[PDB]
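A.B. asks: So the chains spell out like this:
Number of protein chains: 2
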Amino acid sequence: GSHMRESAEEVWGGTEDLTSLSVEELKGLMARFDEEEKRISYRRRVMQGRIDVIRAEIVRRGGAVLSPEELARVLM
Amino acid sequence: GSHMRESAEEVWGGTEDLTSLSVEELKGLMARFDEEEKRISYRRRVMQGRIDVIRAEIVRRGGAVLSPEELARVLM
Ligand SMILES: [Mg+2]
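As you go down the protein sequences, you meet chains C and B in turn.
What the first sequence shows, in PDB author numbering, is residues 23 to 98, in sequence order.
What the second sequence shows, in PDB author numbering, is residues 23 to 98, in sequence order.
It is possible that some hints are incorrect.
A pair counts as met if it fits within one copy or between any two copies, since identical chains are not told apart.
[Stated by the list, open to error] EDC-like cross-link-like pairs, simulated, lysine to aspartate or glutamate; straight-line CA separation at most 20 Å:
id: 1; residue 1: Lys60; residue 2: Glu38
id: 2; residue 1: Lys60; residue 2: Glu28
id: 3; residue 1: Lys60; residue 2: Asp39
id: 4; residue 1: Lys49; residue 2: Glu38
id: 5; residue 1: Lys49; residue 2: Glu59
id: 6; residue 1: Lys60; residue 2: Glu91
Honestly, the hints are just simulated from the structure, not real lab data.
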């Protein structure tokens, strides 16, 4: 447990003016948000790869269940 | 096989060959993965904006607590 120590999200949401934070505090915020950005980017790459494989497999079947634009825009 | 109530992640991990799935099953997978990719892309945009604001605020101070490369790579 955190023992009520503030999370990066809570510090960020509760700060009216960043000028009131120290550089050490700002660097902690930036580090936390940067880590989340990197985790998201890794997961986006996984999702894009799976979508690419699925879309190629649907196209491979040479059917007409879905139109070209439904495939391109993922209108399912 | 039928009415197994599997999640998209479970279907994906448990399918050795996508030719075993119906087009309707592939549609559902594509839709779930596309929705997830859009959801975390939105969150990524938020994280990138917060990082941009924090980095500008540290630069604004005109100090030397952090080097240029430390700021550029978020090394903390
Ligand atoms: Mg900037």
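A.B. asks: For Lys60 vs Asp39, is the C-alpha pair at or below 20 Å within one copy, between two copies, both, or neither?
C.D. replies: This pair counts as neither: shortest intra-copy Cα distance 26 Å, inter-copy 30 Å.
A.B. asks: Between copies, within a copy, both or neither: which fits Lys60 and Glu91 at Cα up to 20 Å?
C.D. replies: Classified as between: cross-chain Cα gap 18 Å, same-chain 31 Å, threshold 20 Å.
A.B. asks: For the identical chains here, do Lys60 and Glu28 meet the 20 Å Cα criterion within one copy, between copies, both, or neither?
C.D. replies: neither (22 Å within a copy, 29 Å between copies)
A.B. asks: My question is about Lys49 and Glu59: at a cut-off of 20 Å on alpha-carbon distance, are they close within one copy, between copies, both, or neither?
C.D. replies: within (15 Å within a copy, 28 Å between copies)
A.B. asks: Please sort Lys49 with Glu38 into within, between, both or neither, judging by C-alpha distance up to 20 Å.
C.D. replies: Answer is within; shortest intra-copy Cα gap is 17 Å, inter-copy 45 Å.
A.B. asks: Cα distance capped at 20 Å. Does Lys60 pair with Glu38 within a copy, between copies, both, or neither?
C.D. replies: Result: close neither inside a copy nor across copies, 26 Å intra and 29 Å inter.
Consistency note: the structure conflicts with the earlier hints numbered 1, 2, 3.
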